[PDB]
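Use the sequences and the hints to build the structure in full.
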Amino acid sequence: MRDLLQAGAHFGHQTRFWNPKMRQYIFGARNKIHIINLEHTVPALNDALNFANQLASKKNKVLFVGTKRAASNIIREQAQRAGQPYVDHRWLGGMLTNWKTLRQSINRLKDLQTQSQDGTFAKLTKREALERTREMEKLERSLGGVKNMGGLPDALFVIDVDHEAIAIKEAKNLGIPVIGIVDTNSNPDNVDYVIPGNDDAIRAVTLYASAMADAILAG
Amino acid sequence: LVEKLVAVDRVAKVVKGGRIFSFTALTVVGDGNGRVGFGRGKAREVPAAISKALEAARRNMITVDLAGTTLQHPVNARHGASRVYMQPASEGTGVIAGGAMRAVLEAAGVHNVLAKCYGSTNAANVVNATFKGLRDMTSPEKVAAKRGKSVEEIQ
Amino acid sequence: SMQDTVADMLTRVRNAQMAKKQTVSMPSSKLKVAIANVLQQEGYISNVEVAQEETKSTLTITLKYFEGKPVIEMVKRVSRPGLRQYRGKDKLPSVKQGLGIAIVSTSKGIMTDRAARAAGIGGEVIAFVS
RNA sequence: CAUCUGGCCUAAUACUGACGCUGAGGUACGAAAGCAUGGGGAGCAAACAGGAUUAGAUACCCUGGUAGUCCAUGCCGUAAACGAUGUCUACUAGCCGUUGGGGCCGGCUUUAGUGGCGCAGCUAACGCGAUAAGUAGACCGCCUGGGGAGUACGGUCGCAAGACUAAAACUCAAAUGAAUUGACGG
RNA sequence: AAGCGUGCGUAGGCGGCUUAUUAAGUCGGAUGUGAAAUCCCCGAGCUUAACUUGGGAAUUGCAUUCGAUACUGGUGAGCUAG
Ligand SMILES: [Mg+2]
Ligand SMILES: [Mg+2]
Ligand SMILES: [Mg+2]
Ligand SMILES: [Mg+2]
Ligand SMILES: [Mg+2]
Ligand SMILES: [Mg+2]
Ligand SMILES: [Mg+2]
Ligand SMILES: [Mg+2]
Ligand SMILES: [Mg+2]
Ligand SMILES: [Mg+2]
Ligand SMILES: [Mg+2]
Ligand SMILES: [Mg+2]
Ligand SMILES: [Mg+2]
Ligand SMILES: [Mg+2]
Ligand SMILES: [Mg+2]
Ligand SMILES: [Mg+2]
Ligand SMILES: [Mg+2]
Ligand SMILES: [Mg+2]
Ligand SMILES: [Mg+2]
Ligand SMILES: [Mg+2]
Ligand SMILES: [Mg+2]
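Chains as they are written, first to last, in UniProt numbering: chain A, 8 to 226; chain B, 10 to 164; chain C, 2 to 131.
Check each hint, because a few of them may be wrong.
Below are the DMTMM-like pairs computed for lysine to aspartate or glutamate, each with C-alpha atoms no more than 25 Å apart in a straight line [claimed, not checked]: (1) C:97 x B:161; (2) B:158 x C:43; (3) C:65 x B:115; (4) C:97 x B:145; (5) C:22 x A:46; (6) A:68 x A:118; (7) A:68 x A:142; (8) A:176 x B:145; (9) C:77 x C:125; (10) C:92 x B:161; (11) B:61 x B:115; (12) C:77 x B:115; (13) B:155 x A:199.
Computed far set for chain B versus chain C, every beta-carbon distance over 10 Å [stated by the list, open to error]: (14) 23; (15) 74; (16) 123; (17) 155.
Hint data in this document are derived by calculation from the structure and do not stem from the laboratory. Idealized CB from N, CA, C, for every residue including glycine.
Structure follows, in structure tokens:
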């Protein structure tokens with residue numbers, strides 16, 4: 008609970024953009040800045056973090072969502088350092104709902120990333136080869152961390168309840184579970200395992216991500 | 010899961026050189042024991058639109074607790090400008106109801122009911138209203154559950 | 002001017018239950034308190050507390066929720082000052098076939114409809130709660 | 001600028017003790033135009049005259065121009081008199097402005113107004129959203145397909161112009177609201 | 001389709017809180033009345049059926065009388081949030 012008050016999760020956002028529905032977990036406004044309740048963060052982070060290991064026991068994976076440009080380069084690492092899927096470029100409308108749609112893109116991408124570096128693709132033009140490389144690279148831009156999935160996930164783990172709405176809505180549509188770090192300027196409306204915290208900091212985001220990957224590591 | 014096609018209409022859209030025609034269909038599915046759902050489909054032909062509607066109806070299904078094969082209490086419901094009233098009857102009567110209502114009652118497993126539509130009799134809005142009325146009707150168990158009593162202490 | 006003070010209590014309660022408030026506080030009176038006690042016995046609210054300041058008294062109700070819904074679903078005034086009701090004893094109204102209560106004022110106090118059919122009486126119909 | 005005069009806000013302290021809300025009939029006020037008697041009359045300008053434009057032009061445009069617009073004393077009683085939203089009361093997330101005060105340490109909070117967003121709820125949709133079209137209570141007014149017709153006849157009022165009250169025979173199967181896709185716009 | 005152009009006010013309608021009393025509204029019981037036929041229910045004659053007919057139920061309205069007082073009204077006495 009001191010490591011909770013240690014990573015930078017003490018401060019939230021400014022006292023004009025606060026979603027009024029998040030006042031049960033607000034402390035005060037110091038220098039016009041609201042602060043989350045550590046009693047409501049550290050005693051709820053662990054209640055949520057039990058579920059990650061309690062799920063990986065049966066070995067059903069969980070998707071990880073972060074793209075806010077201040078936690079994408081940490082979600083790239085701390086999510087494939089635990090053997091799970093990832094998405095960190097953009098939410099790409101209708102992936103968990105039109106999965107039978109993006110499946111063909113994922114198949115073509117696996118075929119273009121599996122037969123271009125191990126199948127000895129020769130007897131072709133250099134310009135066409137570079138074009139196909141750039142094409143599969145842009146296809147990997149937003150499908151690479153979700154390549155070896157083939158199924159729909161069992162739970163999502165978000166980093167901004169606000170910036171990832173097209174994901175939380177799709178989760179609620181498909182009936183999956185969702186856990187996110189809702190801040191003060193974010194509604195706690197449908198994320199079913201809600202954890203408060205300062206989603207905008209590199210340190211707090213990375214510490215929560217490390218705790219998640221460790222929770223999933225005890226598998 | 011028995012299927013009941015309620016409405017099929019032909020709708021048109023103007024383009025630069027004439028009209029583009031198409032079809033909508035509105036269908037109901039259910040088993041006969043407390044689960045029903047409804048859906049809508051659109052397509053350039055009638056069987057394709059029916060298929061689309063049935064597939065959209067096999068989701069959006071609900072469950073409804075009912076006293077044998079009639080309602081637990083009288084229900085008022087509405088959607089848009091349509092109002093529906095429903096009353097539990099006693100065994101030996103059928104579904105005294107009109108058109109769009111029956112398919113929602115017959116497909117959920119209701120056999121004795123007195124039903125009447127006021128307001129607009131748009132089939133889609135009537136089906137929506139009846140669905141909403143069955144979805145929010147309660148039984149003698151949830152009432153005693155939420156009130157901290159038992160089923161005997163209440164009636 | 003405010004002329005029905007019992008409809009005002011029912012409205013304060015109805016509005017609080019859909020704003021998800023924890024408690025609701027109104028001015029108090031003997032009839033308001035009696036009705037709130039009938040609500041408490043039936044299990045629709047949790048606690049009723051009156052408190053006098055020096056001359057005026059204030060009444061605080063504590064509400065109930067269940068599965069994220071409010072426990073009072075419907076509460077309705079029946080006998081307003083512009084039209085009083087006065088049912089007999091064969092005509093006492095049953096609310097939702099008996100899954101809800103009807104508050105009645107009789108010469109033996111305030112009670113529910115099923116509690117007055119037993120006694121064989123029945124006067125003014127205050128409200129329906131379901 | 002002076003004189004006469006009505007309401008509102010705001011702070012304490014005192015006083016009376018339900019003295020209240022709404023209101024059929026009834027009364028008061030009520031833009032502009034118009035009327036009556038007596039004045040005044042710069043600019044503007046119905047009517048009117050002439051010049052153009054036009055197939056024609058009793059119009060738009062140009063040059064003039066009288067009622068009228070102004071004052072005193074009365075009448076009329078109507079307007080898209082509109083927030084197209086009766087008056088009164090209570091309750092229900094928040095954020096950003098502005099006017100008149102009170103309190104507190106440039107900022108916070110409160111009170112009465114006046115604006116922009118917006119959750120829930122409401123709505124056919126558009127939208128409304130503490131200045132509700134939300135949740136309720138009290139009383140009043142009004143509606144019941146389009147036309148005929150806000151007219152005829154009767155009555156009241158008015159100097160008149162007219163206002164108010166207010167039908168029928170006959171005729172039709174539509175008239176209407178909000179949004180949608182095209183097409184079209186001097 | 002439908003808020004009078006706006007106020008003010010007469011008859012009327014409706015009206016804060018506490019208490020004592022009254023018992024008009026309200027509620028309950030008892031008694032008389034509510035013609036017969038008709039409607040409805042058992043079941044009896046018509047070969048069946050219409051039809052006729054025995055008995056009930058109903059006519060929940062009216063009046064008289066004895067009680068109950070939570071609410072509304074009346075009366076007296078208090079209060080201060082309008
Ligand atoms: Mg003055
Ligand atoms: Mg005194
Ligand atoms: Mg008045
Ligand atoms: Mg009048
Ligand atoms: Mg001119
Ligand atoms: Mg007018
Ligand atoms: Mg009007
Ligand atoms: Mg303001
Ligand atoms: Mg101010
Ligand atoms: Mg707005
Ligand atoms: Mg309103
Ligand atoms: Mg409306
Ligand atoms: Mg006339
Ligand atoms: Mg158009
Ligand atoms: Mg209109
Ligand atoms: Mg008006
Ligand atoms: Mg009076
Ligand atoms: Mg009175
Ligand atoms: Mg009496
Ligand atoms: Mg008789
Ligand atoms: Mg007194």
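Evaluated hints:
A C-alpha spacing of about 16 Å is found between residue 97 of chain C and residue 161 of chain B, which places the hinted pair at or below 25 Å, so the restraint holds. With a CA separation close to 8 Å, the supplied pair residue 158 of chain B and residue 43 of chain C stays within the 25 Å bound. Among the hinted pairs, residue 65 of chain C with residue 115 of chain B is inconsistent with the structure: their alpha-carbon atoms are about 36 Å apart, more than 25 Å. For the suggested pair residue 97 of chain C and residue 145 of chain B, the alpha carbons sit about 13 Å apart, so the restraint of at most 25 Å is met.
Proximity of residue 22 of chain C to residue 46 of chain A is assessed by CA-CA distance (about 22 Å); at most 25 Å being required, the pair is judged to hold. For the proposed pair residue 68 of chain A and residue 118 of chain A, the alpha carbon gap of about 23 Å is at most 25 Å, so the pair holds. Distance restraint check for residue 68 of chain A and residue 142 of chain A: the Cα-Cα separation of roughly 29 Å exceeds the 25 Å cut-off, and the hinted pair is therefore not satisfied. Restraint check for residue 176 of chain A and residue 145 of chain B: satisfied, since their Cα atoms lie roughly 24 Å apart, inside the 25 Å limit.
Distance restraint check for residue 77 of chain C and residue 125 of chain C: the Cα-Cα separation of roughly 14 Å lies within the 25 Å cut-off, and the hinted pair is therefore satisfied. Of the supplied pair hints, the one linking residue 92 of chain C and residue 161 of chain B holds, its CA atoms being roughly 24 Å apart against a limit of 25 Å. With a C-alpha separation of about 22 Å, the suggested pair residue 61 of chain B and residue 115 of chain B falls inside the 25 Å cut-off, and the hint holds. A distance of roughly 32 Å separates the Cα atoms of residue 77 of chain C and residue 115 of chain B; the hinted pair therefore is violated under the 25 Å criterion.
Taking the CA atoms of residue 155 of chain B and residue 199 of chain A, the gap is near 22 Å; set against the 25 Å cutoff, the hint holds. The claim that residue 23 of chain B is not at the interface with chain C holds, since no C-beta of that chain comes within 10 Å of its own (minimum 45 Å). Taking the minimum C-beta to C-beta distance to chain C, about 12 Å, the non-interface status of residue 74 of chain B holds against the 10 Å cut. No beta-carbon of chain C is positioned within 10 Å of the beta-carbon of residue 123 of chain B; the least distance is around 14 Å.
The Cβ of residue 155 of chain B does not lie farther than 10 Å from every Cβ of chain C; its closest approach is about 4 Å, which violates its non-interface assignment.
Violation of the numbered hints given earlier is confined to hints 3, 7, 12, 17; the remaining hints are satisfied by the structure.
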